[PDB]
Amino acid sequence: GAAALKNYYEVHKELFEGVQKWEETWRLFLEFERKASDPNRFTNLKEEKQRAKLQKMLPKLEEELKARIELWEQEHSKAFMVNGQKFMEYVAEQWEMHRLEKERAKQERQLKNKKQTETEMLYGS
């Protein structure tokens, strides 16, 4: 009845609050990531302590949220979806895209530097 329905909605509101906290923390983390990774910074800051803080928070927020989501899904036989996706899959996707983006930026610089030496040798005077 109404007791069980209160619990449904209260726990679900809690899941959404965890989602919003995770997203906040993630987007702040990515801002510091961009600054820390900026090529311009050599010719452009205890923001490392802060960057590191957000970094340590994230997996803790994820483990807590993961446990609550699963509890709620099992009890109510429903998938917990956010913006059309199981939220923890969205979380994993975000991390891997970030990881891959970081690699791809390194790789582009690598290939660019390599072609620069190639072209300087083939056509240089």
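Positions refer to the first chain, counted from 1. Rigid core here is just the name for the largest C-alpha set that superposes within 1.5 Å across the two forms. What changes on going to the form deposited in another entry:
Annotation: Cα of residue 20 displaced by less than 2 Å between the two forms, core superposition.
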Second form
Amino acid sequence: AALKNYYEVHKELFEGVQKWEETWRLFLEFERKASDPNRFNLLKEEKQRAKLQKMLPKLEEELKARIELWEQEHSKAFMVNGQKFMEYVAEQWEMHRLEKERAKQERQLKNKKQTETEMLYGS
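Beyond the form deposited in one PDB entry, can we have the form deposited in another entry?
The text that comes after this line covers the one chain and nothing more.
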């Protein structure tokens, strides 16, 4: 049965792909709660977010290891719906960062003007 198991190595990468996607989605969910302005389950949410923070690097290093080996064996790039998986992962991390910054910038701008409005117009 060993030839079949060899051709399913491509499928093994995909279970890790799915687990990365699930864990990343969870991370986002505890990052939204962490950053939003009406957050003020605190220890739960922080503890749960911290666990996800720890796990993502470890999933990612494992997946890169398994992909590089696979690519070397098969002389092919490991592609996920049109993209090399670890590049897609990098891009998710940057989109998130930019989105967190864009959100911090908009709230700061909203804070600034609201202070200005209260100085002039507050009762």
